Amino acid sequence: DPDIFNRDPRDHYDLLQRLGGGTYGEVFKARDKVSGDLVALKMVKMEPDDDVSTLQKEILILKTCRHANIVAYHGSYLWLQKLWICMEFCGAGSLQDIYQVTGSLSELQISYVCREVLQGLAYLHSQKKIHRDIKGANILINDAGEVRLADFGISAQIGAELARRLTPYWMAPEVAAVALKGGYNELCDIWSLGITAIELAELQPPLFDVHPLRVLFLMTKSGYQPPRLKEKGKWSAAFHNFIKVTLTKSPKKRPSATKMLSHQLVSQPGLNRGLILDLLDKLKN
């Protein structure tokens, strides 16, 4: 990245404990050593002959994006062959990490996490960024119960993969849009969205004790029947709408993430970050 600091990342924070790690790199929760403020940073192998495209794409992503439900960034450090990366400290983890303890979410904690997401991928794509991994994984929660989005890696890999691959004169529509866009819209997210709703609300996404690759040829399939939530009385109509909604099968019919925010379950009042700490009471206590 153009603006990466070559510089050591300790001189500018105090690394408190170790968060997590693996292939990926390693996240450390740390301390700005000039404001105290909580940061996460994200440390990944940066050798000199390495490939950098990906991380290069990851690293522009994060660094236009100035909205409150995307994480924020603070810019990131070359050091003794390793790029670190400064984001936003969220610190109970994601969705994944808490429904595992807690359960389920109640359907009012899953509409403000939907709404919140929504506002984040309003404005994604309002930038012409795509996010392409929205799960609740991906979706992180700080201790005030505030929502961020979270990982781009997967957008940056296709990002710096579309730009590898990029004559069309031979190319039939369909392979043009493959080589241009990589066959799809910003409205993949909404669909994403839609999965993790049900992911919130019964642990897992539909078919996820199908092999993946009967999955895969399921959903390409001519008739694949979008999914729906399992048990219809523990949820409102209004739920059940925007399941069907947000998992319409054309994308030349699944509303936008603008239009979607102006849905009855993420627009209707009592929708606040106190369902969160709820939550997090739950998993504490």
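C-alpha atoms forming the largest set that superposes within 1.5 Å between two forms make up the rigid core. Residue numbers count along the first chain shown, from 1. First, how it differs from the form deposited in another entry.
- In a core superposition between the two forms, the Cα of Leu16 is the only one among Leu261, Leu16, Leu271, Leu277 shifting by 2 Å or more.
- Comparing the forms between the two forms, the C-alpha position of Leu207 differs by less than 2 angstroms, with the core used for superposition.
- Once both forms are overlaid on the rigid core, the distance between the two CA positions of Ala237 between the two forms is under 2 angstroms.
- Once the rigid core is overlaid between the two forms, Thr64 does not reach a Cα shift of 2 Å, moving by less than that.
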Given for the second form:
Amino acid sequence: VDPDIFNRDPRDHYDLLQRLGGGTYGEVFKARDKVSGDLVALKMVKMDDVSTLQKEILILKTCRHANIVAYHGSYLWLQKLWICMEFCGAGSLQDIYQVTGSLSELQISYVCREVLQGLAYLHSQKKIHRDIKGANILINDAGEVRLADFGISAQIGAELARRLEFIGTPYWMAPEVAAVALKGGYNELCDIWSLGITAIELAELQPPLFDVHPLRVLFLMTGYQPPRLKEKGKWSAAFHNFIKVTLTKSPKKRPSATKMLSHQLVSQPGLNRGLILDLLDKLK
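With the form deposited in one PDB entry in hand, show me what the form deposited in another entry looks like.
No partner chains or extra molecules come along with it, only the chain itself.
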């Protein structure tokens, strides 16, 4: 729900062209603007506590950065909410590497730079993505990089707000319990770790431990040694160092997104959309 919501059928302004797939929740459709012919992405969510959707919309609406999917408005019609966003012609990095195979170090370097620019902006607004992965990093026809799917971020923000509201009397509560109730058990630096895992996923086609049961992975991480790239000789010492510092086990010692932007791997002068246009030609 939103004060700027369009209380109208989205088919008044758009032609639905094809179903693309789901996100954390909702189904995304490729649509075409009836007036300009411009393509958009429409995420349809069936409708309940509307708190998560209100937060998702607020997150998208208050973002004005090139590395974050552009938000064009939402429609409420027949108990379906449609969130209209920027369309990304090549899909996610996962749609691409599943066909093309491993990305080169330069292509990964450019993607990490673009994601870090988007993360530095999000963290500057006190926002946390919490779901950084290849499937949530979209590529348009121009080789440009966009962060998408704030569903997890919205669920966490709504859950935190719902928790403070029903926490009751805190007079017997221990300080560590009061701290988790107000700020959760972590901060925005979790996004820097997820980006390092994503760099390994782009290089190896899977995140570390993918073949291990999700619950067993949670227990292993909770003596845990941060993952490393498999083939040392395939990558430069700069890429190995990038993985090392992004995957700093202690968040306190983990560098911020702005600090990571001056790391040699992502501050190289030859990084641009042309590296991704090369990958898209390989997909063709």
